[PDB]
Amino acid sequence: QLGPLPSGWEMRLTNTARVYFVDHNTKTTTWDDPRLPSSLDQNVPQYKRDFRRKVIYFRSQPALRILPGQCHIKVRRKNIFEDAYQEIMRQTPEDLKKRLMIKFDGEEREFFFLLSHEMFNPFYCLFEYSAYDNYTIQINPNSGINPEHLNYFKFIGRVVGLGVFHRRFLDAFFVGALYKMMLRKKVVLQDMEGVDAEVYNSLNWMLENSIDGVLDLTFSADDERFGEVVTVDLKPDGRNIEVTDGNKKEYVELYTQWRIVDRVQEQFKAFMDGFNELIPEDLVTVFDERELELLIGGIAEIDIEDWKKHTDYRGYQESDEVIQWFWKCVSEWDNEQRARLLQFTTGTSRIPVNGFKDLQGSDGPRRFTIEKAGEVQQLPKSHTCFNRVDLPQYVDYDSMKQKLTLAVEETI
């Protein structure tokens, strides 16, 4: 930290540029000089105002301070699941609490993005989709098919807590009840909605109508695995106890708890342990389910104005042809195409709640930047490490749009 300039001195720039400020303490960037008076943002969400407040309290805590040093992780991009399982489950929680140093073996936040897509792959029988259209994930009760899973839940929990610990977002959509369960809150019929819509519809109908003559249920529940139905008693001798309008309320209470928590009690326990090793139970509960969801997944909604406003240029001007076309091309794309462009440049499709001004780089806050490099014949390259895109100065729109759409496709 250099002091002030001697009286009468002044700084100037060889080229036209705007100066912003990077706070490495809170990992944010702003247009306002901290040495200058800064008015509060007017017209801001009362729910984000408090979330803003809560996160500040949260992150600035004894257990949420990085231990000076560095935790090294080395994995192959084509086998990141098994490789990460070793690298992570080998190291102790305290070692994971020190600055992350991820490297990919073979070629030498995108690591978290790739890992999420693998941890929550239904093929592994750890997590499963809710129904078959909306792909929000919940825990697969049939995880027992692989005697190793209990460790993998502890591992998946570690990654989830680790991501939260280091400002890293996970690209996964948990069911509503799962966020409440992580806060150790109580789960009700309302939460059955997101978990299982079919069960919700049926259970809700029972409480609104008579069942004596229309239904012949018992205090049991049947879940089918591998084309084979297995039934379980809700209470001792449940499958032998008839369900009537007298004890229907008791049946509904029992079924919801089963279908949600009791059904995965063992797997969720292993998962909840791994998560707590990094994020202490007593300090997570400061957030509700909506606020916790943002702290894990972040925002997937890409805004063009926010994006454009907080972009740096290396060798370019915002008024340059190629840049003008770049934003025209970006504006025309949908939210999936834009998120695909992000994945390409930063390695993840998630965005901090505050916006692009707080976009995270490998060594801290790194604003989206477009560099003037590469020949017009070549495709655009990207340095994920710096949230930067090497953009050749194409002389026509169509070519740019084509080379751009290709590069983001090549990387998948």
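Residue numbers count along the first chain shown, from 1. Shifts are known only where both forms have a C-alpha. By rigid core we mean the largest C-alpha set that fits within 1.5 Å across both forms. Compared with the form deposited in another entry:
Among the candidates 313, 165, 258, 124, displacement between the two forms reaches 2 angstroms at the C-alpha for one position only, 313 (superposition on the rigid core). A two-part rigid-body description fits the chain between the two forms; in it the smaller part is rotated by 162 degrees against the larger. Legend: core-fitted overlay between the two forms; highlighted in sequence order are 106-108, 130-135, 299-411, the runs of at least 3 consecutive residues with CA shifts of 2 angstroms or more.
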Contents of the next structure:
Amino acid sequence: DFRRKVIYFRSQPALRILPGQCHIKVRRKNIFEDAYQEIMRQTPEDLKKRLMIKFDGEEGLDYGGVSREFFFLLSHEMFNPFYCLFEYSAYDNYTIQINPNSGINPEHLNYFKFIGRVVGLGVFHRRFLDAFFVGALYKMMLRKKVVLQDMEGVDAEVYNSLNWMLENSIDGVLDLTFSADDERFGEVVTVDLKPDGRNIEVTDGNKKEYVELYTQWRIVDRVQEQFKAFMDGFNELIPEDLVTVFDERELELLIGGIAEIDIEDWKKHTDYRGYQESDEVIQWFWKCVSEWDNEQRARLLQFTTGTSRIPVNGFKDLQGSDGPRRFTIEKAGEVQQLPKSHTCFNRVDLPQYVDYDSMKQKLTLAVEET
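Next up, the form deposited in another entry, please; the one we just looked at was the form deposited in one PDB entry.
Chain only, nothing else included.
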């Protein structure tokens, strides 16, 4: 369905290249600062014209190549955690989320607007970016609700704590109120989760509510101004009513493209637990993956690891919440159940299905489930 949506999307009036040209000049060594000046001094109408990019002191007749290097270099500066606009996800070091303490730079809201424009510009002009976000951020872009499960990519340790609370008696174990700790550079500041929150004790009786309130605060409330600024920049190029034709997984592929995956690199850097490479089910798994197309494999990757994003040096450098974590397949669960993923460990729990067709279908349902 993604293909049809893309065509439809690209067929809209709002997406037509406007007559004339948009001229952008930057110094390579100053691409962030120069691009910020070049792009913010223009109107959205201006940037919907044909994009023309030149690096100072460098010949630019290869327009496509210059363009591609522009979006590549720029996205690595925008999203460089040093600047605290974005920061790493909780389950790797190459996928990103909004840094809640971005305000340490007083001017951040404008730079979030600028990033939203850069990302909107990439989409508008068919230039993929190295911009891979945590799941919750795509959802917020699409105005969809976020749930506790979305916390895993945002703050995995906090994710585990809330689950432990939901599954275990906390009475007499945890002294807890309807407040949260907002860390900032060594300081701790307290926010109420609900009115008079710090003065309201959390119990086994009301902890579900506490968890849902915490989930909403951490993922959605604490980055609101930043997110609004970002969408403002983004929706100036891509109207919201069009981009919501996509779901959150399609939005990722739309922005960052679809990688051509080296299947052998992948197979070579896979761990097996409870299975061996020679096992029938493992062979069915790779049969299924091989016969799939690039979008279908990217979707398996989103399911297993949180992202379709492949590290520069291949599957050997796959990351998890606690450091390097290889793609891993484990014999676990019963033949009744669907395969189950653990994105903190890049691990798929695959029960030992006894025929190929039920496996392909179990795995397809598991990957497609939102």
